[PDB]
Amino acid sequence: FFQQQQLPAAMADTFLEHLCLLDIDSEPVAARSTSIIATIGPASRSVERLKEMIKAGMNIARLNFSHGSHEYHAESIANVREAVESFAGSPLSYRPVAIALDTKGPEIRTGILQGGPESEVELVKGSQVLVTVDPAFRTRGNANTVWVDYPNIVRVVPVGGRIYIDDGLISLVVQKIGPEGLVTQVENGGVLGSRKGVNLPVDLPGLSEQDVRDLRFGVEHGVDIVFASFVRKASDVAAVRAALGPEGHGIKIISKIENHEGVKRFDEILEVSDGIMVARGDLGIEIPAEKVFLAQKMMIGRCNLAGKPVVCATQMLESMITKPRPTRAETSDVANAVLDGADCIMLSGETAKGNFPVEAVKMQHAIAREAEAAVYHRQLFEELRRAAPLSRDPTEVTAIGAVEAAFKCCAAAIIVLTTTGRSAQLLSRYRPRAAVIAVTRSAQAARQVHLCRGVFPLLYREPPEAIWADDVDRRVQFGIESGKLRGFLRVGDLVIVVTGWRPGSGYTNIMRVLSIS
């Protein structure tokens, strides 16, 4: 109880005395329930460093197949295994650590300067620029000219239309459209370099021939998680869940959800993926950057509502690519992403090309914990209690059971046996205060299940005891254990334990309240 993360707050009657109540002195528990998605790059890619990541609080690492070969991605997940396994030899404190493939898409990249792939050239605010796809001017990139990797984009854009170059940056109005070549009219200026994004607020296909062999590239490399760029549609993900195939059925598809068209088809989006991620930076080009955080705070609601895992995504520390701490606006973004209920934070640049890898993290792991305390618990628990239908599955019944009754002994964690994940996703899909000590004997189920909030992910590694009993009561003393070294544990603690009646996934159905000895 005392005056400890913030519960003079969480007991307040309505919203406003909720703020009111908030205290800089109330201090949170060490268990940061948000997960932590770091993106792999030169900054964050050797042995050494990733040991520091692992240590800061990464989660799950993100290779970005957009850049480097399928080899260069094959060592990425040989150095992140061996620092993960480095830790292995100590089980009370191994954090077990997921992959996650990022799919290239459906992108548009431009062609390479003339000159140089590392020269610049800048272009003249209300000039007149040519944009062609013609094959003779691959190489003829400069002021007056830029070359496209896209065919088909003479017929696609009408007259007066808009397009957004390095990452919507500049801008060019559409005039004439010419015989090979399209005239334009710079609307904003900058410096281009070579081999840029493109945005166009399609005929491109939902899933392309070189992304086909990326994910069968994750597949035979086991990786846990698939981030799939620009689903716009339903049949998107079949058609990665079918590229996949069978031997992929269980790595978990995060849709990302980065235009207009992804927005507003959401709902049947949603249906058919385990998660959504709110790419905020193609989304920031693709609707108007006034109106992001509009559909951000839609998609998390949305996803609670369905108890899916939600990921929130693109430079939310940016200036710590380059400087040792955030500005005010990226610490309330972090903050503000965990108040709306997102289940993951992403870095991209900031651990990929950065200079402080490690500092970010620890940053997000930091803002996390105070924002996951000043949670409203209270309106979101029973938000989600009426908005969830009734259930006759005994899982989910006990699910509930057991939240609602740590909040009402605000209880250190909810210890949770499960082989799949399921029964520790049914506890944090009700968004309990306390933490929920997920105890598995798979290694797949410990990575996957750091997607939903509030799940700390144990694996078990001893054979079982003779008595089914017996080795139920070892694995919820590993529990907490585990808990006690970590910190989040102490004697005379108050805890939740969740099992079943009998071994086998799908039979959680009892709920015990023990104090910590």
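Numbering follows the first chain given and starts at 1. We call the rigid core the largest set of C-alpha positions that still match within 1.5 Å between the two forms. What changes on going to the form deposited in another entry:
Annotation: the position in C409, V212, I177, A74 displaced by at least 2 Å at CA between these two forms, with the core superposed, corresponds to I177.
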Second form
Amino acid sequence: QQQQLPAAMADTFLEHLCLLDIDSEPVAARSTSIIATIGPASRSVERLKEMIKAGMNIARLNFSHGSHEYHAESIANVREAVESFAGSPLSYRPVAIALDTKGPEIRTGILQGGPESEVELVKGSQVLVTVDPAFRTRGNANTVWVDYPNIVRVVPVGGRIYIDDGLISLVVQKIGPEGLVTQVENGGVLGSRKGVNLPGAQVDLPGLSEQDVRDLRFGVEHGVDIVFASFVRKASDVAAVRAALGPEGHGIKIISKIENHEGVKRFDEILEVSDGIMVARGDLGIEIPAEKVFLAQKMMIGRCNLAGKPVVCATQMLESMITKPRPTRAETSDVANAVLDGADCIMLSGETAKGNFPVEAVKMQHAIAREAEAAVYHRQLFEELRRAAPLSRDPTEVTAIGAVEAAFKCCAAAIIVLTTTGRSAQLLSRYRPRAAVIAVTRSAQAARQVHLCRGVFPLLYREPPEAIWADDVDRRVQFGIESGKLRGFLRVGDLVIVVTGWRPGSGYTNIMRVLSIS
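Complement to the form deposited in one PDB entry: the form deposited in another entry:
Partners and other molecules omitted; one chain follows.
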């Protein structure tokens, strides 16, 4: 059959593997959301329109670069591209906007004739790392300047300094009033303003800088839906982000980025107070050995799956597509395996920010994700999500597991749920139904935010409330169905599970019913 149904029926996992078929075609409804980083290559309204058509669900604003007005315009261009489809409300796709904070970054300085200048740090060389503003524009083959004054106090003799995504390596030999004398361990070529990593050194930069508070308040005052909080090391780092957003930003989802050894080891306490997680493999693969990142990835996704909270896998997923129109075999493998790992979202960075094929990269992620979602061994995944989820007396969670068990029984095409904040939809999403979870909401922000929950397809209902409440409920269900037929999710003859509550307002989801599509 299609959607790898024979591999879904399998006795065992081994026999499930043996029955996967390249000829079996998947469902149109791709359920892992795609996050695209906005930059020069993806900033135009018309480019953004093609990225929404290819499947982008979350636009990422990287506040490591750009002014407040630069980002204000990209927010504007995105909202303009998005609302361009609002005329046909049965196809309208909400697109969320995420603010990715700069955080405690450390960067080198501008070199000799700044523009495009290159300097090769020869292996075996002596190089000085300086924090004197005189040497800030002074970069050469024996001098590097950094924007971290206290670097001279936290990197001991014998400590290793990484430059340019870890391809350059220095080892401190002496400390002096002129800075730190280092012997180059791993040479290479050095541009301007490259990131620096000090794994193991006790960096004293605050988790939330003075500009970060400014950036967060910007996002509140421009209406961002999601904050990606960089270099989160502890539960108190999430609290600072929460305070910074203040009462006006209480509705904003905080995804903590796990980027170093501390964040991995303090993982459980970070997840407890976050809304979700980003496995930030770039920084992570410099901070810990590269052959261990996948362990960190598979652990955090497992624990996020268990807890029911969104997990994002990020960085170098389709790296070569910066330059080439087709990805490497390792790159398609990587996207597929993050979907099979259980990730809710996958990310593109340079591939959409500055490469020559941003729309093709999104297309590629969409096509790989549809095949991989079909190849999940739902039989063991659902059974294990059931056993690991504790007993509950909340009617929303009880209705939710009932509806997912019901959806597997009839191979339902979808589970239509009414939700004010998204919570009813997220509780469905955490049992990983194969049926699409079609969330009908009046909340524009909730429509956007549910893109973090795998398998939730948001629909923004906008018609005004009807006189009788039960008629308003029925109308939104009918909106779910006809949006779903128009988008290819549903066909006449399908069964659908419909989830609703007994009274208006959030928190009262308690009804599940089985409907045939006529």
